[PDB]
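Colleague: In case you want the letters, here they are:
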Amino acid sequence: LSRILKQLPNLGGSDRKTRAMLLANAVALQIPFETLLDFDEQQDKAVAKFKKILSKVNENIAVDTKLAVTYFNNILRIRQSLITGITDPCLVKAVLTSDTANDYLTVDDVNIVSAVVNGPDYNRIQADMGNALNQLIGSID
Amino acid sequence: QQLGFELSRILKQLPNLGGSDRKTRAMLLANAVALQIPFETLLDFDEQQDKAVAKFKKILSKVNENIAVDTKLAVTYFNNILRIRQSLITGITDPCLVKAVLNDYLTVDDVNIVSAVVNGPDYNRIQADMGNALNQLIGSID
Amino acid sequence: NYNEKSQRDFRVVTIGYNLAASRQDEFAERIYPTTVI
Amino acid sequence: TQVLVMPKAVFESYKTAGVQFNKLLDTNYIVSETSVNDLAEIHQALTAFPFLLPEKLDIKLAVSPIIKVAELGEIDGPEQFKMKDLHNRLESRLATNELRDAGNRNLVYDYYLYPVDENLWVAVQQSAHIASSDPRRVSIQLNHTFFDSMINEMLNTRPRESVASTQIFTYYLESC
Amino acid sequence: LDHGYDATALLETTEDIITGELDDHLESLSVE
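Protein chains in written order, with my numbering: chain A, 664 to 804; chain B, 1422 to 1563; chain C, 50 to 86; chain D, 980 to 1155; chain E, 96 to 127.
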């Protein structure tokens, strides 16, 4: 536990904040959200288990447990939006140009995503398609 | 306003260069639709992919009545973007997404830069060590 | 027939021909943008 | 030949995108046309391939791309350090997958053979089936159409009498 | 027509153009 925690470089006063993010991801990776339920029963169970896991932070070095819960709850809500579907260019950009997206895309595919996403008018065009689809996606049999 | 015409009208507004236009045109359709289509709760990924692609191809059939799109390339992009979306809902959520949606200021680049200079583990390797060093705890409890 | 070598039962491959062209070509569309009446 | 196991998701990408299947054994080509996750999943799919190939007929299982990348990262050249960076990404992504799909545990896959030349036997890893009691026998019965596909292809070059003595031929007989 | 054939009413109002440009600029900020 502490062996790997000591691998994180010290950065200002954020030592208690980056590890809070790392822990929130470490738990959220292995507690899935069952698509069958909505965001109340499966959400409360995932959060309850996370808070129970925080009971062992005495073995850790620098974990801000109040922020770690904040990060964990943000992960679940972000997953809810992704399940339902996202169009907001401010979040679509964040997904398309990300550490996960660079592992599923090839080098050439990323170069293309970086050409569209970083266009001077991307946010406007992406928003317009979001409405064009949100209003009419159901028309497609 | 048929969806094929509205999407085509919007795509016409992308800047043009030359033949590279079909790669960026296809990518944008893949991005918008792969992320916009809602997932059905009763399906697993295998079935959700088959259903989402069936609709995506039907959308291209309507778009290709107005603006030319390479069908095979657009599907290639669609499947890649859809898999990313599926991974995020079942898998690890990037901290840039928690940061983007939610006092969050110091970013990942900031620690990956230091790790690169000292030639040590980066954020993603540390994240992998975290979960691994946590595997036993989560599996043991419920 | 000492040598029985295939002469007629060849593999038949069909070349596709149907196309779904997009109204007027992109060349004409950029010059004469389509308005639906 | 050399069997290269890849998930259906990766195979369909190769076919849809139009990636030359011939050059998937050449590390320098597959890494350019293959994502980091796809390369990691190919490694995982190779390590989940239950069947022993007929080594007596010079049929080998492919070395996973991660090993090939790791080896090139240690060999002097103009791309060595880029290949080292790729290796590190593959290890982190592989560990991330292993921590997520560890729950899979007791299941076996259907495989589909897509022959590519005489030096590459693409083996597509398709739908999973749940198998806890005697999964070895369940895997054999499920992959009937995989065993006969392998037999059909190796009988194109190998002598029939030699193929008949392989475990792949036996597995076909055990299935039906 | 929309309003009417009187050529004076067909002319677009400058004050409405200024308001429209302000509304379009603010809409873009909401999207971005």
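For the record, the hints were derived by calculation from the structure and aren't laboratory data.
Treat the hints with care, since some could be wrong.
Straight-line alpha carbon distances no greater than 30 Å define the calculated BS3-like cross-link-like pairs of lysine-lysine that follow [claimed, not checked]:
no.	chain 1	residue 1	chain 2	residue 2
1	B	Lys-1479	A	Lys-669
2	B	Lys-1520	A	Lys-756
3	B	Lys-1476	A	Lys-719
4	D	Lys-1047	D	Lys-1061
5	D	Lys-1039	B	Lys-1444
6	A	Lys-669	D	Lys-994
7	D	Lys-994	B	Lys-1479
8	A	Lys-729	A	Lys-715
9	D	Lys-994	D	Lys-1047
10	B	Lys-1520	A	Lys-669
11	D	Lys-1035	B	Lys-1444
Colleague: A separate judgement is required for each hint: does it hold in the structure or not?
Modeller: Hint by hint, here is what the structure shows:
1. B:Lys-1479 / A:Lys-669: Violated. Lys-1479 of chain B to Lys-669 of chain A sits at ~52 Å, over the 30 Å cutoff.
2. B:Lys-1520 / A:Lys-756: 13 Å, holds
3. B:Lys-1476 / A:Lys-719: With a Cα-Cα distance of about 47 Å, the restraint between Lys-1476 of chain B and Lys-719 of chain A is violated, given a limit of 30 Å.
4. D:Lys-1047 / D:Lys-1061: Satisfied, since the Cα-Cα distance of roughly 14 Å is no more than 30 Å.
5. D:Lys-1039 / B:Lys-1444: 38 Å, violated
6. A:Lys-669 / D:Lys-994: 45 Å, violated
7. D:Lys-994 / B:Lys-1479: Holds. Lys-994 of chain D to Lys-1479 of chain B sits at ~20 Å (cutoff 30 Å).
8. A:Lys-729 / A:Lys-715: Holds - the C-alpha atoms of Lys-715 of chain A and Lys-729 of chain A are around 13 Å apart, at most 30 Å.
9. D:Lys-994 / D:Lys-1047: 23 Å, holds
10. B:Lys-1520 / A:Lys-669: 23 Å, holds
11. D:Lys-1035 / B:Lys-1444: 47 Å, violated
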